[PDB]
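S.K.: In case you want the letters, here they are:
There are 8 protein chains.
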Amino acid sequence: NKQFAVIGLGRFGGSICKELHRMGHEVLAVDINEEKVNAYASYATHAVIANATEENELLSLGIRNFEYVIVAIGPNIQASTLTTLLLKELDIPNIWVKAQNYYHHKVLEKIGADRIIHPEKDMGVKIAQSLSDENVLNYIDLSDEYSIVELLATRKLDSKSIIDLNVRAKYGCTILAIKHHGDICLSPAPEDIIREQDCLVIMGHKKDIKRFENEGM
Amino acid sequence: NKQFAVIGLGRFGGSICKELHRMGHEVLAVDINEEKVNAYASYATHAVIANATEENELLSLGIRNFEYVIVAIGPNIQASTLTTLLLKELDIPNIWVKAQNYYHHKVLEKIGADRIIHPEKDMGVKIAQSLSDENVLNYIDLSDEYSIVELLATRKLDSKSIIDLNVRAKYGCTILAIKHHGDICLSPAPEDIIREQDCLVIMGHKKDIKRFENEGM
Amino acid sequence: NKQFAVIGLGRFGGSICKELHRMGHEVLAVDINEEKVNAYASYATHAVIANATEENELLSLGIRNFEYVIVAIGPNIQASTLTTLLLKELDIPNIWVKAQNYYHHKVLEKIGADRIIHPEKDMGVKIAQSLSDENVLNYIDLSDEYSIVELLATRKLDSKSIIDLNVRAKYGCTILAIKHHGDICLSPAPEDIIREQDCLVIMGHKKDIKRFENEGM
Amino acid sequence: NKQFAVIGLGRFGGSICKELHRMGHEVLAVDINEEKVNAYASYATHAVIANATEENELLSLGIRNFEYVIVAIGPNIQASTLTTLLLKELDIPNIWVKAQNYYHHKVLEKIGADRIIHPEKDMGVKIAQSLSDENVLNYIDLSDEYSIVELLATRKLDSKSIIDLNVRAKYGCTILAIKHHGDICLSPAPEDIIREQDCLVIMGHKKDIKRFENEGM
Amino acid sequence: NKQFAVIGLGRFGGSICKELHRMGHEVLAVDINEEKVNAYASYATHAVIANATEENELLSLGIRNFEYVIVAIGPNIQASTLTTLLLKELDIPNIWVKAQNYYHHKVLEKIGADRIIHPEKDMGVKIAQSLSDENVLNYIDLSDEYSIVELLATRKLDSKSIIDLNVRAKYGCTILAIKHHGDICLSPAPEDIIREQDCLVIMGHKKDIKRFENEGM
Amino acid sequence: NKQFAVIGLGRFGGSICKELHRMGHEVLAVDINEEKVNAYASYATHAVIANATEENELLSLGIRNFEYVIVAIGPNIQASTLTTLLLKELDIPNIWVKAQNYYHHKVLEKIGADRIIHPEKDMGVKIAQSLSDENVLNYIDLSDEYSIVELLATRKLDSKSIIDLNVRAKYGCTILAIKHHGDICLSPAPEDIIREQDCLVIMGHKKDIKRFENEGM
Amino acid sequence: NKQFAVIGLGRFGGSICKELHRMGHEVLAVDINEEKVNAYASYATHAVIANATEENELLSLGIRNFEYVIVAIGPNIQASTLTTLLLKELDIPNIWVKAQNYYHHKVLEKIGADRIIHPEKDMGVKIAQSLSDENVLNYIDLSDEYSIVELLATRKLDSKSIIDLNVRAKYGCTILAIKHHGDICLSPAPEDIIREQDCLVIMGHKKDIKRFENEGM
Amino acid sequence: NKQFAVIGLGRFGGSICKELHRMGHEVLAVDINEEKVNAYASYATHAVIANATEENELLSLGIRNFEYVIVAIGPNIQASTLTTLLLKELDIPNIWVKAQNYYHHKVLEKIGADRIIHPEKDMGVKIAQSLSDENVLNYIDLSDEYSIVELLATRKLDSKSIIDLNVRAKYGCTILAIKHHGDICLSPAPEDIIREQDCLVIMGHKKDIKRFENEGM
Ligand SMILES: Nc1ncnc2c1ncn2[C@@H]1O[C@H](COP(=O)(O)OP(=O)(O)OP(=O)(O)O)[C@@H](O)[C@H]1O
Ligand SMILES: Nc1ncnc2c1ncn2[C@@H]1O[C@H](COP(=O)(O)OP(=O)(O)OP(=O)(O)O)[C@@H](O)[C@H]1O
Ligand SMILES: Nc1ncnc2c1ncn2[C@@H]1O[C@H](COP(=O)(O)OP(=O)(O)OP(=O)(O)O)[C@@H](O)[C@H]1O
Ligand SMILES: Nc1ncnc2c1ncn2[C@@H]1O[C@H](COP(=O)(O)OP(=O)(O)OP(=O)(O)O)[C@@H](O)[C@H]1O
Ligand SMILES: Nc1ncnc2c1ncn2[C@@H]1O[C@H](COP(=O)(O)OP(=O)(O)OP(=O)(O)O)[C@@H](O)[C@H]1O
Ligand SMILES: Nc1ncnc2c1ncn2[C@@H]1O[C@H](COP(=O)(O)OP(=O)(O)OP(=O)(O)O)[C@@H](O)[C@H]1O
Ligand SMILES: Nc1ncnc2c1ncn2[C@@H]1O[C@H](COP(=O)(O)OP(=O)(O)OP(=O)(O)O)[C@@H](O)[C@H]1O
Ligand SMILES: Nc1ncnc2c1ncn2[C@@H]1O[C@H](COP(=O)(O)OP(=O)(O)OP(=O)(O)O)[C@@H](O)[C@H]1O
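Protein chains in written order, with PDB author numbering: chain C, 6 to 222; chain D, 6 to 222; chain F, 6 to 222; chain E, 6 to 222; chain A, 6 to 222; chain B, 6 to 222; chain G, 6 to 222; chain H, 6 to 222.
Derived by calculation from the structure, the hints in this document are not laboratory data. Note that the Cβ used here is the ideal one computed from N, Cα and C, for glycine as well. One or more of the hints may lead you astray.
Unchecked claim - Quick list of simulated restraints, FRET-style, between CB atoms: (1) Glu60/E with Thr159/G: 49 to 57 Å; (2) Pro195/F with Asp169/E: 55 to 63 Å; (3) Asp127/E with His185/H: 23 to 31 Å; (4) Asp149/A with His51/C: 30 to 38 Å; (5) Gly117/C with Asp127/E: 34 to 42 Å; (6) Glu39/G with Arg27/F: 48 to 56 Å; (7) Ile145/C with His110/A: 43 to 51 Å; (8) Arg173/E with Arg27/F: 42 to 50 Å; (9) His110/A with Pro98/G: 54 to 62 Å; (10) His110/A with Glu60/E: 34 to 42 Å; (11) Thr159/G with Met28/H: 15 to 23 Å.
Claimed, not checked - Part of the chain D face toward chain F, derived, beta carbon under 8 Å: (12) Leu64; (13) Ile82; (14) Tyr108; (15) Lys111; (16) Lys115.
As the list claims (entries may be wrong) - Simulated crosslink set (DSS-like; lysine-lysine; CA at most 25 Å straight-line): (17) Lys41/E with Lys131/F; (18) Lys184/G with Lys111/E; (19) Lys7/A with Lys211/B; (20) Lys211/A with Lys161/B; (21) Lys111/B with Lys175/A; (22) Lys131/G with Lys175/H; (23) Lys7/D with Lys93/D; (24) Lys212/H with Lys184/G; (25) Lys211/B with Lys215/A.
Pulled out of the complex, with its shape left as it was, chain C reads as follows:
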């Protein structure tokens, strides 16, 4: 299908490998720690003990063949950077590397990483957003001003109808989905009821959504 190499079976890397394996892709799980290789042996096509900073080992893995290589090493800047460099000189098409800090990001950038990810930082931003606003369970920003938001329904919304809560005119936002007891309602009709503690999916302008949050719920 498509070949993926996950170097560094951490939380992040391990998750990548496990999920990708669940999707049914050819995933090579590489780690210097034997116990990590042993741990993700069930969740990969081939799990190998290797020092990714050692070139001959990298050739012994046959990494040149892979379309995507992911360096999920993030506290050892040295190892990460070095590995990325090795892969670059070996003409790997796509090199995705975790990064630790702004300068590690810089060095990855300069040695030609294709995509640099900061999982902890981004998730930090998200969870902080959820912290300052208890109503938001999840969300996605369409742009600087427009967003789709998932909200936890309060008592103020219990037994209320979509036509009762006229968001499309009063607030310029549109409701997309209602999740009740695990059951799911997509693009619901105005007659539908929202019960408390249910998942509500609204879409619109950020400020408008906050307006609805304040006065509605």
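Take the given structure of chain C and dock chains D, F, E, A, B, G and H with the ligands to it, following the hints.
M.R.: For chains D, F, E, A, B, G and H with the ligands alone, coordinates are given in the frame of chain C:
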């Protein structure tokens, strides 16, 4: 406003503190490492050097007053656990803790953590999704089966109309937004045109969205 | 008689199980590693392969029946903690747990471990005592100031009598036993002789015993 | 004073180093793990990062000068053995090594270890002894058969006199000390009273002490 | 005076250090190989064994103080690159690095090396020039086209005057110096004689000098 | 024309071969490594895979015919020596050999090498010279005391005339050339201007040139 | 036939493997250096890259099956000792080990090596014998006093008969063999002729043989 | 008597010097390592610290006077070669040099070494011989097919007579010597008895000797 305590100024914790501070909330940035405290001094209300496992220091911080306390310590399972536990005995309303792996999650759960987060794991899943499918720029999962996806438009979608691409009937999914050259169109009418390289926001079942990606683009 | 459960057949745990079995007590030896179960099969009443963190397995062991359960898992803090906790919720009378370090000691303490042991640490202290003082073979502290000490006799003590070495008056300490060529003399009379390289058992104040070591031997 | 080298800052080794440093001896704490060196920097004279497996590094430490070298590495048999061998060829006077199992003990023995210690095993035996007999707080074995035991007094012993409990004739054992509310009585006269929950220090044959425990308390 | 750090005491680095030391400059000779440190101990102010890729060792050297740091490591691209990066982050004013190949040059360039040198390559070019033309003793290129050349005089030039050999008009080149039996004539007048086997210093265009070599000598 | 044999296509040897080929000479590129024969195939007349220590292969090359043979093997002292020796016994007119160190230089010297070169060492000296003195770009020593130096112009020299900087009288040195933006001025007249960052070519006594560097620029 | 394992393909080991292979025995050539494995690939049944100190690799070799295992590692005392120990614990029938010095010999002895060889030392003794006495080509000592010696015939022995050189009576020694131009004469009759430069095999007392060497040749 | 110079006191060289000294020859032991000079001071006439590659030191030794000079340096090819070369230019009659591998043998050969020895290799062949055939104690090859072998007698040979074991007719081989309890019997008569565990010296064809070994013992 609302008082937040961020213990552990890593990428994740640091991001939480910085972002929350950008929102203009009272954020207490706590760290045992002096240089971290010095680093996030600009991005907090009060930045303090403290050993969060030492109770008398925790009383010296006056942590009982805070509505939300975030334990962003994730490689030192031990310290994290003790700290969370300390906060629990001190009757803190909301304790959100960063976890490393499943059993650390278990012990946090059992000592009564209010919310446990796995940033690296979740972001790993997301990036893996983006890896197996180059077309997805971003997304949000409404549930195990239903999701809203942001897609990068290919040439197959160039100059195509919403009524031309009948997703609501043929694939059971609904288009929510179109982003063209930075300009943004929310809940667009069937006459609207989609140009390649534009942002397309579809909503529906995961498998159905994959179907549309397959035959459509 | 009395029922004991030893979870974790390490050196320490294995020693507990083997020794208890030699005394003729009902000892259930539990381990996740099959080879450990096979190893201590001869030295237990019932040796079972079980994941002690998995509750249903813990019920399958019928651990609720046991008066004493010993968690001898010490490098995997997580397994130890989770297991100890499981036992606590199952209302086990006495839970003795092996600890690795101070904060793990803390979390064990707070989740209600009944007795926490640091074998390596304590034995370290003892062997260090023996290191700085080649004369001391072993000892037991009665209190902060008073102790019973086992000493290796030097040439200065060869062919010396108990009445000759008046410890009861000159140093306020009392000799308890003399071990000569494996032969043993308990509470010896003043006429008895001490030959070099023999075991001498003195009792008294620490500083006083040091005094006697200094001027006497 | 006297120079000590502690190689391997584990629980056991770390305890040795910390305790020895508390005694005010010159202790060189050596470890391959940087974080361990950093941890015990406060509890040593000189804390060095070194792989004790490399000879030139061992010369860089100047280990030939030390009277006592302690190999506190116990799960890595290879490293332990090798270090011990290196030290032996370097004509170190006293080499004390922590062992894991019987065969590692054998190889240490054959390559000329001066003293081999099994902390976990021995402490296991002790704790097992305390487990089968809740009454014993501590003890020291004078030989295979004779021992001095510290006992927790029960209700059966409350308000009883030493002459009342004639251990010297009825059981052939002798009482050495009584600890009451922290206060301490050494080699007490027959008129003295024992109150419950006090520390009792008996001396004699193992079987005899068990007998006294049985009928007496 | 000025402080120099030479990391990597190979031939190139060693020559740098030795020569600089001969000039009487403060030169810190750093090497991971003990024998190299021992070799250049006589030819430096301070010769230290250090792993230049290890940051804490680099701080232990106190390298931040130095005006010039030279990475003379050229077959280990890894070590060179890594070290250079470390020095850059430590805000070293001038970092001169020895390179192996074009891509190592590239990565050095991108991580901000101040001067990159290819000794073997350049000297290769020079020696090749001397190989195809047996007559040239030495030379210096002013530019791609213009150069000053030192020539060994043949019989065709014996007893010839500067005015006889009109290089300034016939070939557009100018003679700068004549070395006869060790005696030296700088900017000689047209009456001066050139005897064979003497050193002749001409200056001009490369082609013109070759022309003069061809028809003249 | 003239025939050259380059044995060992390293950086140095490869540079020799490539440069010689650019001049249009008959160059035989010999290497035991197939990939280097393949690499320099474009930059030679004939590129052959051969073991230069094997005599029959050397006869198969027909090396006796060549006027110049260059042994550019420098880390394998053995191969270098044996090869050079082979060539000597085969009565080769000119044998130029790359040397690694002083003693290899000795053995090459004694087995009758015609010219021995140390590229790394010499270039080391040069680059070191440039290191202690940022102002000098290049130079050539006419004798122990007299030299021609190429200098990088500073701000102190900007917009200054040759007659303004009277070097011929004030410092006894003479300016030979000025290189401005790649353009070149040979033996310039006193009216000419020197702009900063330009190449300046002075000629005279070493100490005098320094003097001029000191007070002038 | 019989199975041999040669670990360490040095001069000594490599020679063992090559010679053994020439005899047509099943020889497993094991080496950690890939190039050594590649070198002796032609001179073995199976040539494998393996770290003989790593147990799992040793099981991957299936070394338990072999009757004879030879540790030909001699400058790395560590590897030799460790490997030998591994083989011993794996119940290998015959373990022959190359030793470096007296103490390495000691540790090999104590860990139960079956045969310890010192090639350099022994050959040193032999070559020394040939050095002090130029006359001897080869020899074997039957005892402290009696020996069989191979001698290079001089001119004094040319065209001489066995009956002419009466060694059996005049010197008490006996001639055993004469080798002339590769042709061989075993236990030759008294009529036989010895020509110079031939191999002569005499047998007797050392001093007597020396006597014959002195007066005879 | 005869003057010998042993340069390089390793095992091989040291053995040479020691053995030569035991025979009572004038042996000059030369070494650059002071401790080796100190070590073999007792086993030489004159033991000197000298760098054998340095000519003036070689004249300071007065090596021109010696009939035999032995270069026993074998891992430092460079030093060995240069030294041998120095001795050659100094017109030394006999230069015997220890070689490492085939090419070092080549360079020694070509710079005119008189005798080149490979101790490890040859001894390798021998020990290999003994490895494939456990029966042989020692031997000497007269030619490719004919040999004299020393054998360890088994039980099959106990109390057997020479006439009983008719080797001269049945196997075409001849017995030369019998060594019993240190006592020695040369060219024994047919009545003589062979007891087990005695040394037996047979002579003949290799295959024939193996035949006798097979059916006979
Ligand atoms: N040079 C190397 N070659 C191969 N694998 C390596 C190398 N260095 C580190 N690794 C592996 O990469 C993994 C990266 O996880 P690490 O322990 O570095 O923390 P982390 O990745 O930041 O944590 P997480 O991924 O859980 O957030 C480790 O399991 C380690 O075994
Ligand atoms: N007991 C403690 N008390 C206070 N601060 C701590 C404690 N333990 C860790 N920290 C701080 O919390 C921060 C957490 O980041 P850390 O380096 O532990 O990796 P992480 O948090 O798993 O990864 P990330 O930095 O991406 O979140 C660290 O910078 C550390 O200084
Ligand atoms: N979750 C678990 N369930 C059951 N058994 C476990 C679990 N985790 C570890 N064990 C067992 O407990 C034993 C504990 O010994 P381990 O090797 O973990 O080191 P240790 O106990 O600190 O060292 P030692 O006991 O040798 O001093 C191990 O043999 C292991 O097989
Ligand atoms: N080759 C080596 N060289 C130097 N130090 C080492 C080497 N191998 C291990 N160590 C160090 O020695 C220490 C030994 O402790 P380790 O973690 O191996 O468990 P342990 O000693 O059995 O446990 P404990 O000492 O807590 O009972 C470790 O901290 C490790 O960093
Ligand atoms: N990580 C490191 N840290 C510090 N020093 C290092 C490191 N790696 C290599 N070196 C040193 O740098 C020097 C580089 O020389 P090396 O042996 O790599 O060959 P080289 O430099 O190509 O040889 P030459 O310079 O003579 O051409 C070595 O002497 C080595 O000891
Ligand atoms: N015996 C030999 N016969 C033929 N070619 C050889 C032999 N030995 C080495 N070579 C080749 O000669 C080339 C010389 O470069 P090498 O890698 O030996 O280092 P070097 O030449 O000292 O370094 P540089 O590349 O800077 O010149 C190598 O590419 C090697 O393949
Ligand atoms: N840990 C190991 N595991 C397997 N093989 C090893 C190990 N260590 C060394 N060897 C191999 O054993 C061989 C021993 O030869 P080495 O280079 O050590 O010199 P040596 O044996 O003294 O020289 P010689 O055998 O020529 O007398 C080497 O070829 C090496 O590759
Ligand atoms: N240039 C030199 N001048 C004098 N002595 C030297 C010189 N080079 C080496 N030696 C000495 O010669 C001795 C030879 O032993 P070396 O360490 O060279 O290994 P080796 O001789 O091959 O091994 P072994 O002799 O143990 O089989 C060394 O002890 C060394 O000190």
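S.K.: Give me the numbers of the hints this structure contradicts, sorted from smallest to largest.
M.R.: 2, 3, 4, 5, 8, 12, 18, 20, 21, 22 and 25
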